[PDB]
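*Asks:* So the chains spell out like this:
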Amino acid sequence: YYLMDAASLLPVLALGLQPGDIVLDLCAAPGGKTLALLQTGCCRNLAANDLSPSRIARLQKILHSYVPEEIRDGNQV
Amino acid sequence: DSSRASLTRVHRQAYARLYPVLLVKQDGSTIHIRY
Amino acid sequence: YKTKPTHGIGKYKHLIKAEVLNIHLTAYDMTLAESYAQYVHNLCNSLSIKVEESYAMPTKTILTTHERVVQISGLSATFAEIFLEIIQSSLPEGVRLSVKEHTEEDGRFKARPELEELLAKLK
Amino acid sequence: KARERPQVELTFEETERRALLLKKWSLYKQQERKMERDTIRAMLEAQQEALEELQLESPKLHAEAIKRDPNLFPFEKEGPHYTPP
Amino acid sequence: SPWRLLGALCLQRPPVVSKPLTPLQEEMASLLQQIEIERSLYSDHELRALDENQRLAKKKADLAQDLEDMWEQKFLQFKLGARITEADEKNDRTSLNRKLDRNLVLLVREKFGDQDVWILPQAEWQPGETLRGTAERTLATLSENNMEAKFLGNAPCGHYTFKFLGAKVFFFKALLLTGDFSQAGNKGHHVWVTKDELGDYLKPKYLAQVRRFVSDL
RNA sequence: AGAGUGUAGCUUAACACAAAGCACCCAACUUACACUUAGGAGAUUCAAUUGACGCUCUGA
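Residue numbers (the entry's author numbering), protein chains in the order written: chain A1, 155 to 231; chain m, 34 to 68; chain f, 48 to 66, 90 to 132, 150 to 193, 196 to 212; chain 8, 97 to 181; chain e, 43 to 104, 116 to 217, 227 to 279.
Each hint should be verified, as a subset may be incorrect.
In silico DSS-like pairs for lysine-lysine, Cα to Cα no more than 30 angstroms straight-line [as the list claims (entries may be wrong)]:
1) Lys101 (chain e) - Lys97 (chain 8)
2) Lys101 (chain e) - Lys187 (chain f)
3) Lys257 (chain e) - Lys125 (chain 8)
4) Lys203 (chain e) - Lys58 (chain m)
5) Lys216 (chain e) - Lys257 (chain e)
6) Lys61 (chain e) - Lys173 (chain 8)
7) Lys120 (chain f) - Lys187 (chain f)
8) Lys267 (chain e) - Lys143 (chain e)
9) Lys173 (chain 8) - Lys163 (chain 8)
Hints were generated in silico from the structure; no laboratory data involved.
Full structure from sequences and hints, please.
*Replies:* Structural data, given as structure tokens:
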């Protein structure tokens with residue numbers, strides 16, 4: 155499980171996500187919402203972007219540690 | 034040359050038995066469709 | 048080395064570059103449509119006709152018919168003559184033959202390798 | 097229950113057909129691709145010669161000849177059928 | 043330069059009846075059927091065909118065939134349309150339904166001053182109209198019926214020049239899906255001619271070259 | 001009627017020690033393509049450098 159504020163989970167629920175949808179997340183790092191988008195499983199391709207490579211590093215870490223390599227594959231994330 | 038392309042086997046690994054079922058619905062036209 | 052007459056023998060990226091019709095082939099039978107799509111695609115490859123995609127949108131809800156599409160490009164008006172005649176003659180079983188166009192209202198997900206040089210030229 | 101037809105093995109008799117009739121396909125398809133390519137060559141040469149002849153006769157008429165047809169925008173056509181409706 | 047203003051329209055009527063099977067085709071049809079059935083997981087029909095029959099046999103020891122029967126014999130007496138509507142006339146070249154398994158061309162009898170020969174419908178081209186427009190003009194003038202002939206792209210299929227003064231004729235194709243003739247017994251001598259007797263139709267050597275841009279298929 | 005030419009689609013490939021090398025075709029993996037794998041069809045036009053069978057262009 156991932157411990158996070160349940161408030162931050164609401165905007166993901168606000169998206170009417172359907173299978174085979176392409177999701178852009180302009181500010182991804184450190185994560186939380188991105189992980190939730192991945193947990194939905196309705197997204198075909200994921201776009202994760204953040205200006206600071208310092209923060210994207212921890213984003214990389216959390217998605218590596220939580221999400222298996224099988225789901226990453228090639229440009230799905 | 035319709036005949037060569039008409040009879041073909043589907044390249045799906047798993048499928049149910051396909052019988053050439055006749056397709057007429059008050060159209061006067063005969064069509065052989067695998068169902 | 049620049050001054051030596053062998054210069055730029057290693058040049059490679061100059062040889063590469065770092066920088090429309092849609093054909094409908096609907097049939098009720100699911101053993102037929104893709105076979106003819108294959109055939110048309112093979113004809114296109116032989117006569118140097120550029121192909122984009124062979125996309126398939128889902129079966130209509132119930150009875151049930153499914154649509155197979157081939158995207159083609161690079162066709163001349165003169166060469167169309169020969170090409171369209173063959174694809175009409177080769178029609179297997181009452182398959183609706185359509186020629187649809189991109190109407191500027193019909196964007197792609199760019200790959201990571203493609204994006205870097207795009208960013209470099211953007212700024 | 098997920099097993100329809102388990103065993104389909106037979107004697108060399110079946111394989112004889114499986115092989116030789118497939119070789120007959122290779123032959124049959126060989127002739128048809130040859131004649132297809134024959135039509136290709138014949139067609140393109142015919143149109144080319146005709147256009148050249150029109151060109152030398154009249155320079156302005158071949159120009160209006162090489163326009164793309166707007167009627168091929170909604171072009172819809174069927175082919176052969178089992179039985180007429 | 044003196045020229046005779048001539049134009050030509052190839053009305054290639056598409057086949058209405060599907061092409062006949064060569065022996066190998068039905069041989070392989072039976073073969074592909076065998077391959078098809080030999081690789082399967084389960085079908086709802088086999089559940090009623092075999093499984094319920096087997097348990098019914100077990101019940102009796104202590116129908117799918119029946120419902121297949123009535124399916125089979127109902128359409129036997131309900132005879133479908135004739136696959137071959139060619140042989141009944143055998144001679145009606147004027148009739149549209151003469152040969153339906155192959156491409157056919159409509160051919161008219163022309164009456165020239167000094168030569169009398171069967172040729173493909175003519176078009177008297179004008180500098181006012183385009184070359185393509187000539188083909189559309191001659192729809193009503195020569196056939197005097199209902200036309201829904203589809204015209205493809207503008208391009209010269211073939212060109213022939215004969216000298217007696228000179229003549230020039232350009233050939234364009236068209237697709238006529240239905241050619242219902244209002245006046246079957248019209249004065250105009252129109253016949254639908256297949257590829258195989260097309261050579262025997264016309265006598266001239268020079269216009270025998272037409273075969274190059276008209277495919278047998 | 002004359003004017004040219006000739007190897008399966010292309011190639012002067014051919015000294016042989018051979019008629020070669022790319023093209024091409026179905027089959028399985030693939031939405032497809034493609035790659036790869038497992039198979040198939042191929043030619044030195046016919047008669048002694050010469051003559052005539054096929055093609056092409058000019059002869060109404």
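*Asks:* Find the hints from earlier in the document that the structure breaks and name them by number, from lowest to highest.
*Replies:* Per hint list: single violation, 2.
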